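Please see the structure below; I have some questions.
What you see is the complex with one protein chain gone and the rest in place.
As written, the chain order gives the labels A, B and C, with residue 1 at the start of each chain.
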Amino acid sequence: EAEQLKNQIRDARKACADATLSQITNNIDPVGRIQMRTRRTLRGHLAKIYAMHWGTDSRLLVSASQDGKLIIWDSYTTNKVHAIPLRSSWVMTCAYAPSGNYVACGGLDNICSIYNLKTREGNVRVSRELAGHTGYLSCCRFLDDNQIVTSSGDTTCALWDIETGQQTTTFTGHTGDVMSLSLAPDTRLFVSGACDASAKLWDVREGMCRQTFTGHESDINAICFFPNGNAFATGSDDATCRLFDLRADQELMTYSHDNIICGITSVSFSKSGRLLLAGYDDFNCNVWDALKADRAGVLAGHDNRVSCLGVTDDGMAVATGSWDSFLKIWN
Amino acid sequence: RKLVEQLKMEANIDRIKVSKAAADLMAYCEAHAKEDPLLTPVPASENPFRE
Amino acid sequence: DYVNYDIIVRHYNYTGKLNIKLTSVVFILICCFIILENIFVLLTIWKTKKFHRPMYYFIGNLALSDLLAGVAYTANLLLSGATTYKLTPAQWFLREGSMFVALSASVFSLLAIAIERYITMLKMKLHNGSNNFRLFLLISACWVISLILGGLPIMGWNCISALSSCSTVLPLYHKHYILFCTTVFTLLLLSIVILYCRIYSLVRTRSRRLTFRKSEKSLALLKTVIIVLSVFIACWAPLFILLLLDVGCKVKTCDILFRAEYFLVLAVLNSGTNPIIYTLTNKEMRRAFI
Partner (left out) sequence: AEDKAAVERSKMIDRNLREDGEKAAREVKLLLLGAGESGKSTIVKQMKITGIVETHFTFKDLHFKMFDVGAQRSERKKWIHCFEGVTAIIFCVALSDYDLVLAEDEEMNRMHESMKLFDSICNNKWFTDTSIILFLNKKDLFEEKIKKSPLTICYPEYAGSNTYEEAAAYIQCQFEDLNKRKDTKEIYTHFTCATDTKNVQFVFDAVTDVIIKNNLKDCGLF
């Protein structure tokens, strides 16, 4: 029965690909070369940088380093607004609440720590610690000041209630380590990519997997939602990125090149969704054209692998964080 | 039984031909092309990271 | 005076040296070889991003010193012979002081490398800090002291006022200046030897206290120290002895003092040996080369 179910899924999918994305997008003008330069350089981390996340104001950002520091920067002036001494230095992810009041991080401690930034004293206290995951913490993203979603190496994702500190919902069904997650703009769905080489779309309200997407031949390390919420992009260890559309339940475009054989560490879109920025293990970040399968730029300024990558909500700047301990704002 | 149950719920789903999805993506990208700084280099006066 | 062409004639006549060669060809070839080796070393410390730690600046400083010494020896071979008498005493002093400055710089760079190494093995710190204050202090003292020591003869302190005190080797130098230079060389040699002996002693004594089950780094270290010190002394001992003898022997007494080019070419040869010694034993430079 399972074999026939898979065959039916395959046939109902192949009956939808009347024409490849490249055909319909064939004639639109190419973006041409994209050239961005390093307008800032943030210094102060003394180890590898593993994650960064822009604030919603597009000015402040948080970076997590294995030096055991969570640093909140003002990217305009480069002033360090805050420096938080994490209890566990083996951090892998960090998030900035949409309201600018809280930050989150976590990692090999299997805990999601939540820190309050706006306090009467004026110092940053630890506000909450979320402890129900059995593997390490790969990614975390607030929904508001009281709800956060986490993905774990234990092959599960969770929706938490920060006030009570309890897992409100659990998302099971992945077979490998879940490595990244991206909330939908509306905040009602979210996609997760795992080491089983598949992505899954989850309904936050209900707690069930709505769709599964396959095609990658290795781990999915990064996943980003397209701006309009009807598509997403996955970057993998097979040196490929791919673009999936929820309503088609099928792979549309695949961004790869022979000269590229390393892994992908992070993916993001530009504010219009026209550019797909992908960090790589070979110390670079490629600027793909999402609609047309053609590379259109390189952000080459780091000495070690580009571990993290982000775009501001206003779309003005890009942020690259690297194992070489430096962050760069690109424009 | 759990695996077949999940797949069976993923089969009876309203799909669309990929051409429609490609058209939607292309249209959305075209509609917001005039507001993407990284795509259309903004004047230096209005860019907060230059002056 | 300093613009009289008769002074050089007068001094060379007093020291018995009043007169292109074949040996110049082979010597210039050796100089080209040394220049090429040191250019390769300099190009390697620049291309590889890993080589930006303080210790690598000291190696490149030595490479620059040896390159300068090769260039100076080339120029001194080109401008010597019959071009000496077509030379002003100011030009003569420049020609000789160039060699003095370059070789002094190379020896001081060797001492600088020894001091860095002895500081690093004395700290025994898990990460070695990319300190720049001593790296600037030491690499500048080298060149400054070299220029001052090798500039003294032109700014006075020479044999021009009185012909009695003239070395047979450089007839326009004052024997006391050569004595000063040989003493400085002796101090530098003793410093380098003692520094590397203390480095080896540290490594060996620290390794002795460790208790494993049934040396390896305390024997290869001894071999490297032996190579370094032995090559240095072997290349620089003939010329040092020659100049001591010159300060001793009176004019027109010692014939050996006339064929002093062989000693000089050996001392410059040390500059070619330096890149091999400080790149082959690294066992990380070799990989970066290819």
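We take it that a residue touches a chain if its C-beta (ideal position, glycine included) is under 8 Å from a C-beta of that chain, and two chains touch if they have at least 3 such contacts.
Only one of A:176, A:207 or A:215 touches the absent chain when the whole complex is considered: A:176.
When you scan C:49, C:127, C:250 or C:259 for touch with the missing chain, the hit is C:127.
Of the listed positions C:213, C:250 or C:259, the one in contact with the omitted chain in the full complex is C:213.
When the omitted chain is restored, the residue from A:153, A:193 or A:321 that touches it is A:153. The set of subunit C residues touching the chain not shown comprises 53, 55, 59, 116-117, 120-121, 123-128, 199, 203, 206-207, 209-213, 217, 220-221, 224, 278, 281-285. Mapped onto subunit A, the interface with the missing chain covers residues 44, 46, 66-69, 71, 74, 77-83, 85, 88, 90, 92, 108-111, 131, 134-136, 152-155, 176-177, 179, 195, 219.
Note that only the chains that are shown with their structure count from here on.
Centres computed as Cα averages put subunit A at a distance of 58 Å from subunit C. Each chain gets one centre point, the mean of its Cα atoms, and the points for subunit A and subunit B are 15 Å apart.
A straight line joining the Cα centres of subunit B and subunit C is 68 Å long. Contacts with at least two other chains are made by no residue of subunit A.
Considering their complex, residues 1-2, 5-6, 8-9, 12-13, 16-21, 23-25, 28, 31, 34, 36, 39-40, 59, 75-76, 173, 208-212, 226-228, 230-231, 245, 247-250, 252, 270-275, 290-291, 311, 314-318, 329, 331 of subunit A touch subunit B. Residues 3-4, 6-11, 13-26, 28-30, 32-33, 35-39, 42, 47-50 of subunit B are the ones touching subunit A in the complex.
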